[PDB]
Structures are given as structure tokens and as C-alpha cells.
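A.B. asks: Following the hints, position chains G, A, W and P with the ligand against chain H.
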Amino acid sequence: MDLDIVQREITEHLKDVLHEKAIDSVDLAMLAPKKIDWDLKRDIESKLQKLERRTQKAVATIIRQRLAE
Amino acid sequence: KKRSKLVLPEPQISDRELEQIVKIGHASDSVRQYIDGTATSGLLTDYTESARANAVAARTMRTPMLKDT
Amino acid sequence: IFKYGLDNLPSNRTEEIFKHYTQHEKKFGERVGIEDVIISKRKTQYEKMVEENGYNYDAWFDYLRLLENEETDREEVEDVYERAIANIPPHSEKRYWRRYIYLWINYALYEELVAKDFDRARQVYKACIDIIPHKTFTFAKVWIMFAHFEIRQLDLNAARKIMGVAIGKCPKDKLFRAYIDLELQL
Amino acid sequence: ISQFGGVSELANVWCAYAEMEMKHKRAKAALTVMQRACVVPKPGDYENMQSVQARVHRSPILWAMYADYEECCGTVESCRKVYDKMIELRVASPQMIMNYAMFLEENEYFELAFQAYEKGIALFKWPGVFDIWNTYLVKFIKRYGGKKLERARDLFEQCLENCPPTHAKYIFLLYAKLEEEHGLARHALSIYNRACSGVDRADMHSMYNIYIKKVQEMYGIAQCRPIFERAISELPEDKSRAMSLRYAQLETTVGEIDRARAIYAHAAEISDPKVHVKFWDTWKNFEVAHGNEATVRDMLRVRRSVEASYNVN
Amino acid sequence: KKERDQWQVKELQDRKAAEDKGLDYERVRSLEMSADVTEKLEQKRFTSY
Ligand SMILES: O=P(O)(O)O[C@H]1[C@H](OP(=O)(O)O)[C@@H](OP(=O)(O)O)[C@H](OP(=O)(O)O)[C@@H](OP(=O)(O)O)[C@H]1OP(=O)(O)O
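Chains as they are written, first to last, in the working numbering: chain H, 1 to 69; chain G, 1 to 69; chain A, 1 to 186; chain W, 1 to 313; chain P, 1 to 49.
Everything labelled a hint here was simulated from the structure, so no lab data went into it.
Cβ atoms here follow ideal geometry from the backbone N, Cα and C, with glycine treated the same way.
Careful, some of the hints might be misleading.
No more than 25 Å apart at the CA atoms, straight line, and that leaves these computed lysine-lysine pairs for BS3-like [stated by the list, open to error]:
id	chain 1	residue 1	chain 2	residue 2
1	W	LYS284	H	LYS15
2	H	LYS47	H	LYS57
3	A	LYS43	A	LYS3
4	A	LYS27	H	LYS41
5	A	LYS27	W	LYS147
6	G	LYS5	W	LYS284
7	A	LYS141	H	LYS50
8	A	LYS27	W	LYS81
9	A	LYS19	W	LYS147
10	W	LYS148	W	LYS177
Sample of chain W residues with no beta-carbon within 10 Å of chain H, all distances over it, derived [to be verified]:
id	residue
11	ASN12
12	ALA16
13	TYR17
14	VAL40
15	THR253
16	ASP272
17	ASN292
Isolated chain H (complex conformation):
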């Protein structure tokens, strides 16, 4: 029987994450590799890009009517 099927999927945790030895280094990324907004910003992007494309479309109409005169 495939008595351990869950282990096939969590392997990326088991290999690199279930154990780690040590570190002795520092850098400006390692001090703060992400910022506390990041997941909230992530989930806005698919909506906020629609606004961005509308902004380029909107600004094109503003220009077009401002040069129509």
C-alpha cells in the first residue's frame, strides 16, 4: 500500500526546512527580506493592475481631448 502519500507532497518542507544548521553572516536583505505589507500587497496586485491599465486608458483620453482643441 502507498501508506505515506502525504510525504510525497510535503517533501519541500522535509528536505530544506525540517532541519537547518547555522548561519554567520548579515546583509541588508537578510535583515528584512520582506516587509509586513507583502501578503496584503500581493493580494491587491491582481485588482490593482486593472486600475493601472484603466489609468493608462484614462490618461490617453485626457490627452486626446486636450489636443482635440
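C.D. replies: Coordinates of chains G, A, W and P with the ligand only, in the frame set by chain H:
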């Protein structure tokens, strides 16, 4: 059997202080990696590596003695 | 019997009725029923853990996402946002606002994209600027978004007023950069 | 009609009857024999309800034979009747619950396959359910991913609400993977915060270092501090030393030399210098590097106290 | 005695086979048995005068 509670002094570089440090660091890093050049790049320093060199030089530090006894 | 229980008892009890109802329905029901009861459980569960704290913003961000994802009626999604917004951080320090402020941004995004009621969306953005201290700190995020919201609807004469007051109250590098970039694109 | 020594003897006769009919291609008769074999007695159907013929319908061998013929020769709806009745009577083993779901899944009745798994979980008590939950939770994710996530959460919560701590290790990591790739960040971290206390002591360090790595991977070594202090205070003393060495390495590589000492000095009271010599070496190297004459005398003071915690015995 | 021994050798060689396969015999064993077998097993497993 029994163990003391872990008590630690407050960090010298507090979290609010580190926020400022990473703000300056990311800006200074970005404006380096922004741009290179074919001959006039020798005006620039490779700041981030010099900062690493400075940090390992500053890594030796010691508590002062003889303030009392 | 389960539905009669939920219909006639306050939701501070009923946790046993719910868990057993979402056992009964989860076996003997069917998909449209199974998901309906799990949503109503989750809404009740978020509503509880909101009453436990209020400042559990991640409970709001889930709750708002859930109600948006299930296409629930505008008045109820709008109402729950108003309850979210009342949890103003008790601090003058930007660190605590950085998570909070996306309640306002998502509320405006909901009002602009989903409700498509731009007058109401304007009132959301305006109410951001009346709440942020501005003297102690600012979010350039809201000023940029509110400026571009008035570039949409073809009102650059308002967008310039919004963005110029941002420069006026609080010179900040992203505010200058974003206004300059807007004027270049125009 | 005759007597037998026990249920399993009789069940073999019923199977042998359907067996020969199937080999002679009387498939509809073979099913008829199994239907006639499996029919549950009503309370008046026999002279006593504990006779061998009155109990033979509880034999799982008989229902296994019946359901297999329906898969080969029946309709999908008729197979569900057999399996559902087999589940109803407690007859179904966990393995043949998973066969039922495999059958529905193979016929693309995915949502009914989950009801098959669901009542599998209602019948059996841990650890018997463990492979039902394993196959359920991976199939659900492979079927829907994030598209049913709030329902997926309810499975993992329903699993972990009764999971024991010897089995929960894989479920917590599987659950965190869901919340990692689709969920909000603090949810995944809250799973790890649960995992490093819901997993049993013998592997609890392997949950702490996950939580350490994942916080460090996103919020850096500054925000990582408080969950080291939980670890040092909670995991058993051999790993609490190991965490103390790793924590002191961070505070020295940052530069909180005063905090580094208090990590060592707190670990030093559970570290016999007569045997744990590698700990006292790492502290001795630290104090000759970042220390001074005053604090070295304090290291040697505590060293000569903790050895005196044992030599007097 | 023989009948008694048949169950003993059956479970022991199955355990050996399960152990030879590198599988926890107890999980593999519990996979095969009906819920009734569990239920009898779950049943089996100074406040005042
Ligand atoms: O004002 P600046 O020095 O140009 O820095 C800003 C500013 O950072 P702070 O105000 O927190 O110091 C933004 O923050 P908000 O004004 O929008 O609150 C921040 O945006 P986030 O807070 O979302 O990080 C943004 O970063 P980004 O460029 O990634 O949008 C960053 O701008 P610069 O990186 O251009 O300096």
C-alpha cells in the same frame, strides 16, 4: 530537574532603530546596482561590498573594564 | 432539527449544533449545501474572533475576502467594512498602521471595482485622509491611489488638487515622484 | 441451509457459488447469489439471530466479493448502494472505504468520493482513520487546490481537532503548505506555532526549526528572536543547549554581545563541563573574542560552580 | 491449541511480512479489519466510600 528563566538585556539596536537602518541601506544599495559604466564607473564605489568589509572590521568589539572595581 | 436550532438560538451557543450540522451535511448533504453551511460557520467564526479582539485585522481581511468571494450583497459587505474601519490603531506610529491601512484601500477597491459606485468610492478615499495623522507620518499609497482615481473619471483638475495638497501637507519623495510621473504621462 | 462451524466457513460457500457462476458467465445469477447472501436479516427472519446463517451477512469477505462484481458488471449507482450499505453496517474496512472512493473518483464522481471518505472518518477511531485522512486531504488539494480553500481548512481543522500528536506531524506540514501557497502569511505561521506544541516532544525541535526558518526567511533575524526564547524554555535540555548555541550565534553575528552571554550563561547551568566539553569550548572562544578580563572570570566562576553541582555527590 | 496457534502464527508472520515490507504492521493491520473489530477493541482497550 530545574532551570532558571531566560532573562536578556534589551537590544541596543532596537526594532525601531533597525527600521531606519534598513531604510537607508535599501536606498543606498539600490542607487549602486542601478547603474554601471564602461570607463567613468571608476568614480563609483561598489558600496555593498565595502559595507561588508566595514562590517567585518567592526565585528571585533569588547565590553569595557575598569570603570569601577 | 439542525436548521431549527440555528434559526432559534443565539450564535454564542450553537457551536455544537454547527459542528454537527457541518458533519451531517458534509456527509449526507451535497456540495451546494456543504459549502453553504461551511461559509455560514466561517462567517460566525470570524464574527466571534472579531468580537474577541477587534484589532485582529487578519480576521477582517479574511472575513472581507470571504464575503467578497461569495458575492454577498453589497450592503452587507459595505457594512462589515465600516465595522473593520472603526478599529483605528491606538498609536501615532506608522508601523501599526501599515497593516491596518489596507482595510481602507480594499474598501475603496471594492467600491470602485465591484460595486462600481464611484461617488461612494470617493468618500472612502476622502475618509482615509481625514484619519491619517499626516503631521506625524503619511501614507503615500493613499494619496497616489486617490490621485489616480481622479485621473480615472477624467478629472485631472481634481487629481492635481489632491496631489498638490499631498505636497502641501507632507513633502515625501514617493509623493513627488508619483506626481511628476503623472505629469510626464499627461 | 446446512450447519457450519463458523461464519467464515459459510461465507466461502457463498463466494464459491458466485465464483462458479461468474466463471460460467452467469453474471446476473452471480450478483443474485450475492444479493441473496448479503440481505440483512430482519429480527424475525431466523430461529435465532445468532445462528451462523443469521450472522453471515456481517462477514466483510462476502461484501468484498459482492462489491467487486458490481464494479465489474453493475451500474455506478448500484455500486454506491453496495458500498453505502457496507459502510452503514460497519462492515467496510478502511481499505475498502478507500476502494469506494477510488471507484467514484475513477468514474469522476469526485464530490461523492469525498462523502465516501467523510463517512470513513465517521466510523473509525484513530489510528484507524489515519490513512483515510491522508488520502482524503491530498486528493482534495489535488482536485481543487485553492478553489475550495475555506472548505479545505475545515478538513484540516476537523482532522487536527482529534489527531493524536504522534501522527499530526505530517498533517501540520501538509496544512501549512496549503496556507503557504494560497493563504495569508500569519495563518501558515499559526500552524507552525501550533505544530511546535501539538507534535510530541521527541520531534518538537523539528517543528521549532521550521518555524525559525520560515519567520527568518520573511521577517529576518530581528523578528526571529521571541521564538528562540520559547524553544530554549520548552524543548528538552539536549536540544535546548543546541538552540542556545544557535541563538547566541545570531546575537553575536548581529552584535548583541550582552544578550549572547545571557544565552550562554543560561545554557551553562544545564551543561556539565565534565562531558559537554564542546559547549564550554564555544563559550570560551566567544569570551576570549568578544569578552574581557572581568567576564572571563565570570565564565570560569560559573564553570567551577556547575562542575561542583556533580562532583560532591 | 492448534486453533489458538493458527491465529498466533498468522498475525506474527503477517507482522514479519509487514516488517519485511518496512510498513507499520499496526496501520496495515487496522486497514483490513472492520469497525466492529475496532469497537470490541476500544471497549476492551478513593473519591468516596
Ligand atoms: O518615502 P520614501 O523615502 O520614498 O519611501 C517610500 C515609502 O516608504 P516609507 O514612507 O515607509 O518611509 C513608501 O511607503 P508609503 O509612503 O507608501 O507608506 C514605501 O512603500 P511601502 O510602505 O508599501 O513599502 C516605498 O516603497 P516602494 O518603492 O516599494 O513602493 C518607498 O519608496 P522608495 O523605495 O521609492 O523610497
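A.B. asks: All hints, please: hold or fail.
C.D. replies: Okay, the hints, checked on the actual structure:
1. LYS284(W) with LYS15(H): violated, 33 Å
2. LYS47(H) with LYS57(H): Given pair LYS47(H), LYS57(H) holds - Cα atoms ~16 Å apart, limit 25 Å.
3. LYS43(A) with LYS3(A): holds, 16 Å
4. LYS27(A) with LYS41(H): violated, 38 Å
5. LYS27(A) with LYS147(W): Holds - the C-alpha atoms of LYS147(W) and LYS27(A) are around 20 Å apart, at most 25 Å.
6. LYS5(G) with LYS284(W): holds, 23 Å
7. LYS141(A) with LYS50(H): holds, 16 Å
8. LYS27(A) with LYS81(W): Distance of about 15 Å is within 25 Å: holds.
9. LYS19(A) with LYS147(W): Given that 25 Å is the threshold and the Cα spacing comes to 22 Å, the pair holds.
10. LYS148(W) with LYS177(W): Within the cut-off at roughly 15 Å; holds.
11. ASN12: holds, 25 Å
12. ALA16: holds, 28 Å
13. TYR17: holds, 30 Å
14. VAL40: holds, 30 Å
15. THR253: violated, 5 Å
16. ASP272: holds, 23 Å
17. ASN292: holds, 22 Å
Checked against the numbered hints listed earlier, the structure breaks hints 1, 4, 15; every other hint is satisfied.
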